[PDB]
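**Student:** All chains should be modelled from the sequences, with the hints used to inform the complete structure.
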Amino acid sequence: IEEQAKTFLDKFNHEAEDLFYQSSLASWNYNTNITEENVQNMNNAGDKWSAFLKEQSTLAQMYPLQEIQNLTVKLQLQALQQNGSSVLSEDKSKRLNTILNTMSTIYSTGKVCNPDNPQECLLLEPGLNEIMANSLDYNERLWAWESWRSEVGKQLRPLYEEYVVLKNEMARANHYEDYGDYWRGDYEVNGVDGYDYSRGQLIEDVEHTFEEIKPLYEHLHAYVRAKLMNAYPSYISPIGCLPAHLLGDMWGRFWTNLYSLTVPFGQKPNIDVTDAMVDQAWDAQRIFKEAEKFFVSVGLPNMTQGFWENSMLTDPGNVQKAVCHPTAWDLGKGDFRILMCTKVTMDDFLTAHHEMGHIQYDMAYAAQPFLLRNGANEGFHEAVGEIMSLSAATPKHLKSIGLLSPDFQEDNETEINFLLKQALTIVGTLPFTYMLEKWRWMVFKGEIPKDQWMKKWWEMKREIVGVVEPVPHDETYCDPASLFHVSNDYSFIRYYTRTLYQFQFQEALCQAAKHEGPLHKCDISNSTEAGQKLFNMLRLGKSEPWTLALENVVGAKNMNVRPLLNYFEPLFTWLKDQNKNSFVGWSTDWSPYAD
Amino acid sequence: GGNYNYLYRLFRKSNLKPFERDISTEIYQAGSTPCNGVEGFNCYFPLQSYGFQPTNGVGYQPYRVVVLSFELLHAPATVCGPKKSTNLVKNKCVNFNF
Ligand SMILES: *[C@@H]1O[C@H](CO)[C@@H](O[C@@H]2O[C@H](CO)[C@@H](O)[C@H](O)[C@H]2NC(C)=O)[C@H](O)[C@H]1NC(C)=O
Ligand SMILES: *[C@@H]1O[C@H](CO)[C@@H](O[C@@H]2O[C@H](CO)[C@@H](O)[C@H](O)[C@H]2NC(C)=O)[C@H](O)[C@H]1NC(C)=O
Ligand SMILES: *[C@@H]1O[C@H](CO)[C@@H](O[C@@H]2O[C@H](CO)[C@@H](O)[C@H](O)[C@H]2NC(C)=O)[C@H](O)[C@H]1NC(C)=O
Ligand SMILES: *[C@@H]1O[C@H](CO)[C@@H](O[C@@H]2O[C@H](CO)[C@@H](O)[C@H](O)[C@H]2NC(C)=O)[C@H](O)[C@H]1NC(C)=O
Ligand SMILES: *[C@@H]1O[C@H](CO)[C@@H](O[C@@H]2O[C@H](CO)[C@@H](O)[C@H](O)[C@H]2NC(C)=O)[C@H](O)[C@H]1NC(C)=O
Ligand SMILES: *[C@@H]1O[C@H](CO)[C@@H](O)[C@H](O)[C@H]1NC(C)=O
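First to last, the protein sequences are chains A and B.
Residue 1094 is where the first sequence starts when you use the working numbering, and the numbers rise one by one after that.
Residue 18 is where the second sequence starts when you use the working numbering, and the numbers rise one by one after that.
If you are wondering where the hints come from, they were derived from the structure by calculation, not from laboratory data.
Where is the CB? At the ideal position from N, CA and C, for every residue including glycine.
You may find that some hints are simply not true.
[Unchecked claim] Coverage of chain A stretches by chain B, computed from C-beta distances (three or more under 8 Å per stretch; other residues unrestricted):
#, stretch
1, 1236-1244
2, 1251-1262
3, 1654-1665
[To be verified] In the BS3-like style, the derived pairs of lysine-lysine whose C-alpha atoms are separated by at most 27 Å in a straight line are:
#, chain 1, residue 1, chain 2, residue 2
4, A, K1147, A, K1204
5, B, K109, A, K1099
6, A, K1361, A, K1492
7, A, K1669, A, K1320
8, B, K34, A, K1167
9, B, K100, A, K1104
10, A, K1436, A, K1514
11, A, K1531, A, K1549
12, A, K1141, A, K1187
13, A, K1492, A, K1514
14, A, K1492, A, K1614
15, A, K1141, A, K1307
16, A, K1650, A, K1307
17, A, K1099, B, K34
18, A, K1104, B, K30
**Tutor:** What follows is the structure in structure tokens.
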């Protein structure tokens, strides 16, 4: 009966909040002060949380799921009843964890040695990522691109084939058709009177939104190709694809390292307020106190006053071994801490606004039950953090926060320099993200057999992304598995939808703050009505369907690409005038070796 | 490490009458199945403990409460405020209260 499930969850909601607390408090003491008497302090305290949750999970199947009427207590029950693994045979369950540990340690400890000196050998993160991000030598970028895929990616090919079979068995025992349908279960919504969403409906909404970005991406692809021919003459065709090893990093995920070759007006400095911070003696604490004044300006609460003692805003005065990585912690019981090692720079002035945005999202849904204290889907949590960073990087906000000469002149040449640096990171990553999840979805359902994995991968690079390989690759390579998110078992569609939600939030908040100009000049400071539009979504958590959360801000029930294109229309107008003598589009027949 | 000595009751058959008190420790029975003094599904111990810890956000830290309740049965009198006496004058027509 349904009233027994309510009494089940309230014993759960008070044993979990304490056991999650000290399992996360011990993870704080390891992260900010590393010993090994802290790693053993967090492994036993971490396993008491994991052993407790599988005990309550096997108690949750005593209650049926379709004999429930209240939507909230049904949502908590389905998130706890989830079997996930453990549906496999107990010798297949230990084979899967052996593969996931072997693929993870090949990626982090794989070395590449030089053919002129076999005694010097580079790892990926120090040394191989620096070549792909800084070099202008064609022959050295071609060496680092091919040798990472032929010496490390060939080890992951027999391991990734066994990984697909075991993950499809686990997904079909949980009544999905494949493992790709299991990943799309985040966006599913069942029976809330007009707000429903199918797991197959996500596939059409991604492909419908993508064919409206292809006019903008084609003009960006044509402008970068014309600028790369001056940097690498006799290597690039003026009507063809771009070679895969000249894109700024190892995989071509972000084009953000191509800015020094593709800058529109290099005689205008892109605005940088780092010298005005060290001329006014701003400490470590000023960067957060101006960040807290931004959020109280819009109508959001202060920091919790436990935030100022418990947090560790710099690396300590001790030479203290403590993972230095910006992050926002939500230990529980209303205890919010930020861990970062901040330097006096406009870079960490902006990520301070980003990391505080995770805190203000966390402080808002802290009145829901324990199992609904996440973002409404996997994409909302990063998207609310980046609309705080866009509004703080504007020169309108910088001159009113005291950091820009009240006699500063923004010219139309510097807005093109700023918008093109945004499009190399935002627009340049959208066909990469769409192509990769489309390839992984077709591998799991079996539309691509294993004798055509690397054949269909490079046909989709030339057609969707416009990127050609420099050396042909047969079915002994596995080039997707040489990325971190593929070999470490992560979903990748959250980076596509976060980019679309980010400009839907920003365009909906700037109509409430009564903006008049272009969308990229907007700032939501001093408003109250925009914050009330934002706070009505922030407090929902997972208690409502995410389509119901979007109408509280945007006014629509689906993700939309038209606010993303309105941000880049000053660039799209300027790009169509720079490509009057160029060719827009590419040919899938040209190759850098096929002459 | 958590002060686990401060408990509260989280299951009862029926809400309390005003100023009523209940220190029993019988195993609660949520479902219809009888409990027979042992724990299990739908048979819960009725007391939980605040695990208080010094690094808790406000609203999670312990507050001490005192409830004063003045009652007036039908006696002849009892405790009350503490009157105050001013200064007594002399040799002047005055309005006095002794
Ligand atoms: C890292 O934290 C641990 C524990 O928080 C520190 O180790 C000991 O902590 C106790 C407190 O319970 C002290 O009485 C001991 O003196 C600490 N050990 C030592 C060797 O000092 C540890 O000190 C912290 N790390 C550093 C570098 O201070
Ligand atoms: C079941 O649904 C009802 C409404 O559909 C929820 O009722 C609300 O409960 C809160 C506190 O529990 C009250 O403050 C509200 O006034 C109630 N609303 C109404 C309309 O009466 C109820 O909370 C849900 N059950 C659970 C366990 O959350
Ligand atoms: C979870 O996996 C189990 C198999 O281990 C599935 O079958 C359940 O088996 C248990 C006994 O171990 C029964 O109590 C359940 O009734 C069975 N399933 C149900 C509730 O029909 C079970 O179907 C899986 N649960 C999910 C999430 O589908
Ligand atoms: C920035 O604004 C100036 C001012 O309008 C633009 O200069 C004009 O450019 C057009 C097209 O080349 C000419 O027909 C006008 O005669 C120019 N104006 C003047 C006063 O000379 C300039 O092109 C703009 N730059 C960008 C990048 O948009
Ligand atoms: C936006 O908010 C800021 C912060 O309160 C306002 O800045 C104040 O501006 C006045 C006059 O411009 C100064 O006298 C104050 O010293 C400023 N305050 C601070 C804390 O620096 C700003 O005026 C607001 N914008 C509008 C349009 O009202
Ligand atoms: C936030 O804190 C400041 C001082 O730190 C205070 O003046 C302000 O009133 C606080 N905000 C609210 C809503 O009380």
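**Student:** Confirm or reject each hint.
**Tutor:** Here is how each hint holds up against the structure:
Using a Cβ-Cβ cut-off of 8 Å, 0 residues of the stretch 1236-1244 of chain A lie near chain B, which falls short of the minimum of three, so the contact claim is violated. Three residues within the 8 Å Cβ limit are the bar, and the stretch 1251-1262 of chain A against chain B gives 0, so the coverage statement is violated. Residues of the stretch 1654-1665 of chain A with a Cβ under 8 Å from some Cβ of chain B number 0, which does not satisfy the need for three, so the listed coverage is violated. Simply put, A:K1147 and A:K1204 have alpha-carbon atoms about 38 Å apart, too far for the 27 Å limit, and the pair is violated.
The suggested pairing of B:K109 with A:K1099 is violated, with an alpha-carbon distance near 78 Å, which exceeds 27 Å. Distance check on the hinted pair: A:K1361 and A:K1492 sit about 19 Å apart at the alpha-carbon level, within 27 Å; holds. Only pairs whose Cα atoms come within 27 Å are accepted, and A:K1669 paired with A:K1320 is accepted, the gap being roughly 15 Å. For the hint linking B:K34 to A:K1167, the alpha-carbon distance of about 33 Å lies beyond 27 Å, and the restraint is violated.
The suggested pairing of B:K100 with A:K1104 is violated, with an alpha-carbon distance near 53 Å, which exceeds 27 Å. A hinted pair counts as satisfied when its Cα atoms are at most 27 Å apart, and A:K1436 with A:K1514 qualifies at roughly 23 Å. Of the pairs offered as hints, the one joining A:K1531 and A:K1549 holds, with about 11 Å between alpha carbons and a cut-off of 27 Å not exceeded. Restraint check for A:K1141 and A:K1187: satisfied, since their Cα atoms lie roughly 20 Å apart, inside the 27 Å limit.
Note on A:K1492 and A:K1514: the hinted pairing holds, with a Cα-Cα distance of about 21 Å set against a maximum of 27 Å. Taking the CA atoms of A:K1492 and A:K1614, the gap is about 13 Å. The hint holds against a cut of 27 Å. Restraint check for A:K1141 and A:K1307: the C-alpha separation of about 50 Å exceeds 27 Å, so the hint is violated. About 23 Å separates the Cα atoms of A:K1650 and A:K1307, which keeps this hinted pair within 27 Å; it holds.
Restraint check for A:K1099 and B:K34: the C-alpha separation of about 24 Å stays at or below 27 Å, so the hint holds. Between A:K1104 and B:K30, the direct Cα distance comes to roughly 16 Å. Compliance with the 27 Å bound is thereby established for this hinted pair.
Hints 1, 2, 3, 4, 5, 8, 9, 15 from the list above are not met by this structure, while the remaining hints are.
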